[PDB]
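Just the one chain here, laid out as structure tokens, in the form solved without ligand RCO.
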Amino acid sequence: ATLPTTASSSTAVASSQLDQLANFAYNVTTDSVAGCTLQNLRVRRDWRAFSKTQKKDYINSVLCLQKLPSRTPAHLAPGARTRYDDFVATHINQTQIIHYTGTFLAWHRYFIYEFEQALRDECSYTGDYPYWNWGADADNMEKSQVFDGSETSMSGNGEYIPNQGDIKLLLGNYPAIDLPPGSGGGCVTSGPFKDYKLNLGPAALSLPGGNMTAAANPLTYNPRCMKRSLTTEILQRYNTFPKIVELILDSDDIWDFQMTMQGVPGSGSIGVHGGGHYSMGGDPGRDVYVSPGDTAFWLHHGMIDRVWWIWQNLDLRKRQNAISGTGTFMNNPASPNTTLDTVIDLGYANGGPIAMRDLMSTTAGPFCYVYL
């Protein structure tokens, strides 16, 4: 079998191209497994592949972390109430050193893995890690099994608010990127997270109209509802199967991969990573720091990690350990290059400090899983 070399403009085959690439990556991962053996190798799976009661087992475990008390010392994050908040808080705390950095991909890989460990160790979860395949939902976000509002979604849309202005995304002094406000605006109307209390932020919440709300200290207590405004137009622009495959096949090195993924500034594109986030609309959906406060975050980054994993396995010799970038957001201010010895941590959320070299592979260090 010879793999696709050029992304198709046809949605139907772009999807199949993606599946081929994934199959190859799956093949590479499995037979390289012949700590981590084929036996104890976990499989992360598309949300759609979960059955009703499996969906709910996951949801319930998450609701469990949203009920268990926070481990973060109150004086460090006064707003944190739950174990779940512990994760949100560390993400807020470290936002300026984990996006547009050399550590971005590996940090989020570790973040979601440790989230998973919390689910298993504290909330008795025994099911698989879920991911959200953007491409399948690119035409109707409201019908996504992740966002349909049912008892098996991560809740759905937010209360509709008429005539919201556009979202204006800034970075540096580049011209804004303009996005539609979606079909919601307010508190989520249904599903398992309808009564979920969002406790932290806003740190930097983009608002319809172009304004931004920012607490003096986004780690203080600010209990409020989760708001969404599902915006299908955004997925259509940045997260279609052709766009996904394009990112994989046109990215010749780790720099181009991660930059294309996140959206290079000034380019008018926010990539699959930005698209996934901003398509949720609402709050913290539109807050780069507080985004894990939206429960769909974990599924989104499941998919982010998948896409990275695929890209790596297309040329494992060159890509397995590939790193580019520094330890500061867009290298502002300048910091040293990230290396295999760079140490990251998730503060009080879970786990301990760990070096980049131990994160590069989904079947070494603490990791032992594959994506189906």
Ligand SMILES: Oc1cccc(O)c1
Second form
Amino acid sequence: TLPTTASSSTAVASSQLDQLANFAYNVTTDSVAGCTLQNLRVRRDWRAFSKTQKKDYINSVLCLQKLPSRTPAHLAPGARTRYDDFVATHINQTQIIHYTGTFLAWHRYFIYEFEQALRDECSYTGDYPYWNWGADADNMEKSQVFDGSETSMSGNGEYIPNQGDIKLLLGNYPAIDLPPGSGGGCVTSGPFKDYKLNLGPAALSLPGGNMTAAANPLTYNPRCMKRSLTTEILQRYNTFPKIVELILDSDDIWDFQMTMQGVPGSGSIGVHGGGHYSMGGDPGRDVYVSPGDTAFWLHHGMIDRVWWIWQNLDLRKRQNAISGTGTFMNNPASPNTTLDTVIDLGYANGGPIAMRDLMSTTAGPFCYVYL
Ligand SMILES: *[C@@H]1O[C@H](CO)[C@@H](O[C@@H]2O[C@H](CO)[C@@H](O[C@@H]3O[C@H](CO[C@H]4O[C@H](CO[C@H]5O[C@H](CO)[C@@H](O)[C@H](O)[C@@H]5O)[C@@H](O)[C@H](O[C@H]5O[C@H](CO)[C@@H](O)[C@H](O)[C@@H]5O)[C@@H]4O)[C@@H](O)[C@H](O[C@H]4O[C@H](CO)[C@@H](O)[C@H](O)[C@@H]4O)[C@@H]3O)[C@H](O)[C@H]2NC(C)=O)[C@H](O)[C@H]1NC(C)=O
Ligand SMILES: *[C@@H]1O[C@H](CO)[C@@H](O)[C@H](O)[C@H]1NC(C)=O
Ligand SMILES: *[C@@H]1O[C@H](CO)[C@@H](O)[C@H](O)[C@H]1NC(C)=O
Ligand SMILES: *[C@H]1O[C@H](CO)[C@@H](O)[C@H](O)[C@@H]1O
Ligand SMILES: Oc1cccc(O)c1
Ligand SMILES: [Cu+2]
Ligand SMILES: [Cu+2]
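Mind giving me the form deposited with ligand RCO bound, seeing as the form solved without ligand RCO was just shown?
Shown next: the complete complex, the earlier chain at its head.
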């Protein structure tokens, strides 16, 4: 007897999520029992990682931020590292990978190939980590992902008093206004304290309402990563009731992906936008450059988990479900996304791949589950 309606207590909504996760696990292992049970990988909550396991993942990311970039210098003058290769492709394709029929599948392929770079070029042998927003929604500063310790993705940025609010515009919908959080400047501590963003900004929202952008966001612009942790954003968008509501109240792929990213004109930015903007800073508030924030990978692990749960609740109808076009909010208009639509990650990793081969975590190149 699966839940059918999200509960309003955090604690009960948390148990609903575990139960839906358990069901999705059962369905995926059954379809696997070449992806086999023996080589089925498990992705896990960052809280399940030991201190050594956390440090092994962080070290591999740091390795990727030193190894030289494969992107041709003339196509992206500012790229220096393999990590930059992933940021660059995301900047370059942002207009066709968000609010499109490809949004969920493209990002599944994106983070998988990031994982492959960690394993093949940086000797990583651990599990892929995800960030469970619901456990941190009441105090982001205490998240194991963001607490600033040697096992965080670094923490908060240096505090900047009396910051203006954040104003979010999209088309000519009424603006959405957010608090600026408790940071503002360069991250003060953690393993990514000396790490440099090399690309962007491309569309960086600033406290006060301004939006700054480099003339060419692919030219060299080394600078610190900035954060402004904003618990209030997670409290409104990323709580366990909000997570379960997205899963249970969405009956088709259109409503699922739209509620996740935020329905334009609803005043809500969804679990996707909520998780992004709660980091604040740079590139936390830049849609194009967001992979520059090292927590991007854990945030989209959770995005992919929530999609994988939703898929497995009715696999016959939801496994291959696609809706939307090839352009951001279909502006300008483009043909519908289908299973023959091909996507690629540029020079980041991998090669071109059709939507058909991306829809299941245990087919095509994929062989994993979430616990
Ligand atoms: C931002 O995003 C955009 C959009 O994605 C991106 O632009 C892409 O830009 C890259 C480079 O900047 C492009 O990659 C190059 O494409 C060259 C042209 O390739 C096409 O046409 C070839 C010619 O086809 C004709 O001639 C042949 C032979 O005479 C004939 O048989 C055909 O019928 C046709 O008439 C064709 O060969 C090629 O196809 C092969 O490869 C593609 C995958 O690339 C594959 O899908 C095909 O099935 C086929 O196997 C393709 O159709 C190409 O020459 C060039 O090659 C480089 O790499 C190869 C090794 O792979 C080297 O051998 C070669 O010498 C070159 O160094 C390269 O592939 C890409 O096509 C663009 N894509 C789009 C959609 O526009 C930007 O780069 C992004 N910006 C940033 C910063 O990331
Ligand atoms: C998962 O499968 C096990 C074994 O068949 C079963 O005992 C359990 O109740 C299932 N859980 C859910 C949530 O379906
Ligand atoms: C595009 O998809 C919608 C469903 O989302 C469908 O109603 C419409 O007919 C499709 N358009 C074309 C040209 O196939
Ligand atoms: C439990 O806590 C969440 C925040 O984590 C609230 O949104 C919920 O209403 C309940 O108080
Ligand atoms: O795709 C997105 C959406 C919202 C904020 C962000 O940094 C990225
Ligand atoms: Cu993206
Ligand atoms: Cu995202």
